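Undergrad: Now for the letters of each chain:
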Amino acid sequence: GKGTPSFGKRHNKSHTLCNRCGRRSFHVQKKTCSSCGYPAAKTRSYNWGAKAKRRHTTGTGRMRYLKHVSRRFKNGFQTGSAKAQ
Amino acid sequence: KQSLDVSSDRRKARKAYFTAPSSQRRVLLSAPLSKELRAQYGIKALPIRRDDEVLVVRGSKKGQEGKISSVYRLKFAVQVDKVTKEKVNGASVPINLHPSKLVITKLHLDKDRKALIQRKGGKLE
Amino acid sequence: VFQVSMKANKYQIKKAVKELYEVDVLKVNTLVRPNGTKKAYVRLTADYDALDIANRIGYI
Amino acid sequence: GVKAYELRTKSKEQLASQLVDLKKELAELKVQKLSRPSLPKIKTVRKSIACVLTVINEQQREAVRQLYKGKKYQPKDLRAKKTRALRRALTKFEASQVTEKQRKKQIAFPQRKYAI
Amino acid sequence: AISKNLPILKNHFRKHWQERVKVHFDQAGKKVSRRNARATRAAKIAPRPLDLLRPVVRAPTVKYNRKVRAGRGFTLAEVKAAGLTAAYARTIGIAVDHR
Amino acid sequence: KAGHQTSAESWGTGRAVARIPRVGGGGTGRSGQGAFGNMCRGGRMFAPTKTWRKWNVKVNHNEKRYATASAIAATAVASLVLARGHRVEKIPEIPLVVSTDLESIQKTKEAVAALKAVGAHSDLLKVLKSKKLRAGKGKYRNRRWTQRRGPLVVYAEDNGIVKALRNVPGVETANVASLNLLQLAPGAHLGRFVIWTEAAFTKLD
Amino acid sequence: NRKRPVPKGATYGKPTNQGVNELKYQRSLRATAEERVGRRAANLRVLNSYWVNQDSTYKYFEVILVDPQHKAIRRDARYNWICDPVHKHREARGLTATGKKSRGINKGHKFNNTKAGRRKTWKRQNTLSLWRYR
Amino acid sequence: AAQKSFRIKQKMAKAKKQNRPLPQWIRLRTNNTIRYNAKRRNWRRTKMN
RNA sequence: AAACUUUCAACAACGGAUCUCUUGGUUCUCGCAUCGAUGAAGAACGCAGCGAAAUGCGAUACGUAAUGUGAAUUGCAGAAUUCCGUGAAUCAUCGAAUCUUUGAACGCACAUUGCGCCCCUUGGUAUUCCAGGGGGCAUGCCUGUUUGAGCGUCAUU
RNA sequence: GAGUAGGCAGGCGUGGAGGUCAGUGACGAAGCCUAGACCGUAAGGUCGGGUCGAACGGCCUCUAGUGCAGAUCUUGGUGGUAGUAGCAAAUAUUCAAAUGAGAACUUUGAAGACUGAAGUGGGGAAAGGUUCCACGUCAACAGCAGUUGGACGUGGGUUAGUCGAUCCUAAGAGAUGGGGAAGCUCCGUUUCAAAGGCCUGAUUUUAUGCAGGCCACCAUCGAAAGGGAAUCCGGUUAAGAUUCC
RNA sequence: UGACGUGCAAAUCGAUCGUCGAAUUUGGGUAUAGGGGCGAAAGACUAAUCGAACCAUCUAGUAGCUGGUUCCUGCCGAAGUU
RNA sequence: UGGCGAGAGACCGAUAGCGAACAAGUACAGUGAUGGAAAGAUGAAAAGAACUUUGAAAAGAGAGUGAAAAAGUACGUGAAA
RNA sequence: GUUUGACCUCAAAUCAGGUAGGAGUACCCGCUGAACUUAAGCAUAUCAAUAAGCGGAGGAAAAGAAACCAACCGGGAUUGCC
Ligand SMILES: [Zn+2]
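Chains j, Y, X, h, L, C, N and l supply the protein sequences, listed in that same order. The first sequence begins at 2 in PDB author numbering and counts up one residue at a time. The second sequence begins at 3 in PDB author numbering and counts up one residue at a time. The third sequence begins at 83 in PDB author numbering and counts up one residue at a time. The fourth sequence begins at 3 in PDB author numbering and counts up one residue at a time. The fifth sequence begins at 2 in PDB author numbering and counts up one residue at a time. The sixth sequence begins at 55 in PDB author numbering and counts up one residue at a time. The seventh sequence begins at 70 in PDB author numbering and counts up one residue at a time. The eighth sequence begins at 2 in PDB author numbering and counts up one residue at a time.
No wet-lab data here; the hints were simulated from the structure. Only true hints are included.
Simulated crosslink set (SDA-like; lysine to any residue; CA at most 25 Å straight-line): (1) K31/j <-> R11/j; (2) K54/j <-> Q59/C; (3) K118/C <-> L199/N.
With the hints as constraints, model all of the structure from the sequences given.
TA: Here it is in structure tokens:
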């Protein structure tokens, strides 16, 4: 009874998609994500999770803003434009 | 090497060449000038642009000449007019030549090339 | 049958069609496709035959 | 397409009239693309819309810099970004202000230059 | 786990020492950094020595009192004797020890 | 942490498989594979090499100097110079001393012209004929070409001679004061062909 | 005292660490008071706290804070330094009078373990420092 | 489920658009290491969410 | 004696070792200090003449503006001699912008593309209802403003 | 002149390193194959023949991630068993034409059957996610087959004032004030809180000040089966319809 | 104590049987989380895992115990006792 | 043992070296936390095989390209079972 | 009992201007905190004032110009190496 026949009754969802993590981790009864800890100020990430930290660290995504911070520094946070010569 | 900011690393030099963008592949795909053109201008070698006429100096196609069609920067080649291979089917396809195995027999002169020639130190246009 | 944006009210489809194509809209019925784009069935009043405005746009 | 150096020499309403014409010109080209096998001319139109919109944004933004010129409290988008930390950081007047006593000491006994 | 006949050793390696071994490969690299650091400081402090005039001082601890050695700073008594100010001394390149 | 990045408990005994840490359950190929071993495909090597290995070696300053002194003494008798390759079968008298003018040579063509006239070109064409490719993996580790060792031009005062000879393939240039053993006896084989200057040969004493 | 937050007093260790009740917090009540105000008013910087009053279940402190954003403080040289972001949450890192006390930052033989920093001192004299020539 | 949330419909819609084999003109290009679409998913083989 | 089994060779298979390479790793050294309410890191969804991705970008969407270079792109198509040029480029540089929906995430919610309110303006005849466009409305705390509360409290009347 | 455990010595072989043989090499390096040869007690070395196509070696020294048959070793590949076990429960198929290279399996016709309205019927819930439908097509999959398909390639398709969601509360979950806690956060949801909203005209100062005055133990989330404003018929598509007409 | 037992199936199949209007059966929602829950009590159940779940980390835990431990030749050559 | 920019090596050389030399924290498993692969080499140049003939077709045998097809996109070499 | 005005303490506002969170974390400042293990057993000890957990910074951080060391013919902030 405990195996194949009991596997047949798995037709609900413990978690759906998280708003922040975007991953089927948002436990819908607790109403908190089991990966990013949403809703919470802090993103769940533990030192004992070496791989898990690496999977969601900086540089996994686009870095829309941080990409160019290196270039902007290098130039001295300059403002305006050059004209011609 | 005495300047420390340059690298004698084979790995770095191979990657820096292969991942060179278009604007620096201009300078990598350079060709030397003819004895006559070097006597005229007084400049050793230039970056091949589109409609320069050249002579082939190495390879199976050695001795043939004409205007360059396509500076195929993405393939590190320059395809020359009249230097083609006819396939079995009877359709012609241009042969990929490296510009350093060619010689610039005739220059394509515009304001930016006159500027380039004067900058290196050519005694004309 | 016009491919409308997402974030576009039936009001905004009616107002858009009237302003652009110069036609009085009797109704607008919108479904979102399995493609994930919206489409809207812009029915006109009896005054305008839809073929006159279909040919005006270009497509036949 | 259209050149942006030509568009900088036009009124507010000439640009608006050029934009609506380009938006109609994309609309009719989007209609032709339905019947035509490959229509790559739509690219130049939608890049020309972006060129005009950028020139309109740039000109309204210059007008708003001119109306807020020579005051405190500029809009936070018009303030120089640099970095949160660099904005927080003490200015050149701050981090340079010294007490009357410590000023008098430096005037009296500055570090001097000697030889041998 | 005890010798044939060997001196009893005290090797203090029962912690995670492997996690805080510090090998000094940086020795040669630091040496040129310190020389460059001195050369640039002498370019900054252009005509003046890198070090200040230290006083002579007899070493403490009777083992070592038999030899004199360059102390930290002169004194308010020695500065007044020599005929200058403890403020003026510090600026024109003399270490002055208030202690 | 190489081969250690996985989580793997052994399955113990009772599964007819041999007791090595095995990978966490999945549909992936990696699941149920050996881990952490030196035997396993993707474990950590037996006693992984660490950076606190003794690289450098201290040797007594007096032993160093003994070796340097004996190496300089071998630059004399030709038996050892010819034993160490070095084509000096034709050359006039051993330890080869030149004028103080060789120190003042600025340009390479005159520096090499000076060396050839003094008696070389047999040992300086060796270093041109020598240039072969390396025999192993060292080619893609910036050790591509071999190039034999030619003469050592030891001087007293530098008036541009080190720059002059720098490019010339095989020739090495040294100051008398320093005088490296690594150059005085390459390969730990005695008797290098050394050209002394007049100033340098007097400064040796 | 600080009651150990272990549930049902069960610690899961060896007798030496079966203590629950008689255990003391290593920071002071001044430090706890500084810490909670630091969290409440995050925009300001804790200059110094001190004792005011106490009963049996309470101790009463008055934390002197400073506004690092107010020009008044940013323009005066004697209190310009506090604005520098290396002084952000002094009370938390333990750089206030209370923290320096609780970290035994004092000169002398008395403070050999904790003078330059207990952790810094421990790792320094548990560091194996090898040279190129041994 | 016939009564989908729009958040599920949007993701079904992206999964539909993604379900195609590699366009057979990209195999023609320079250096092109790519052979076939590796991230191809069927409704039978493997589920999502 | 055939077939059959075993061994060896040649050639052919299966398979992917050996050898050779290597735009990758690794360790060492040196140099530098730059994330975020001016909305970060991360997530979602979109965007090309033909693209599922990786890479790039955000309804201005494999990009816009500026600057440099000086003539391309490339798989095909499509163009274009603007090519003695304010000018090709899947180029470099990057100082002006755009930056959807989210997110510390901030109107209130959120297993919903859910439900409000304030201002300006535009239409329906419209202070109030409905709809379009634009601008807003989180919390703690500091300084200052304004309006207040309390026989807590003073003086005058 | 034996020899396990064991010690020591002399060598053989591998990846690199310094030196040397002005070493070999596209007229063919290395690798691999060889019932051919020679040397060595041996570890091994050398040569001929083939294949192959870009490097490699002798010697004197340095260095080590340096030599495999076993570890129910690791990864990858391969077998014998073996064309074997088997592919046998849900009663059952058969004739003809068509199509096609090919038909037990496809389409149609004709029989014979079964499920027997607590069904093998007709809808839905959760779950799936385009499987729906059309055309083209069969290398892979459907443990036989395949012209067929829930496969493969390219497209088409889901229309709402009335159906649901949206709203309300349920067991409950939860901000707030507050209080605990070193802190992550924990308690509590009406509490030892100063906890905003409602309407009438007003008065017409390009529309703003009144008062008729009232009323207050007070977030929010929580049901696609509970509560609940309102739709029916006929027709329509390849595939939608209480929606389209 | 039938079938199957390298199965249809990591618990099914067939016959026979218990009970069948309540201490009944059951969907959705919700609460209880690991020395904890829950238990009409079998140490039962708590995602095929239960006399203390699962995941990662400390961790390469320790092992007087088992197994393995990779070229040749030469010379010497043991112990099972105190 | 982080981030950015550079130099290096008696290091590793595709079962090695980082888990990742490739659209790698990708595909995929599990409700979840988390677990987590395999996968580089035609040739100088696609010159990627015109055209003929058998077959329904895939393909075959020719012809050709190539320095080699004992290099055919099942692609350097191609061991052993 | 009024007239008006102060003061003190506490409030309100979508009040003028501002600031806090989150990320990262190799190194740094703190808090909290084990067990494996070692002891040939094991409870103090040990691992270790370590891992894990939490709060907080910077290019460095922290420290630091003595309520110091000493006992000398006395040294003289801080940190680092020998
Ligand atoms: Zn999440």
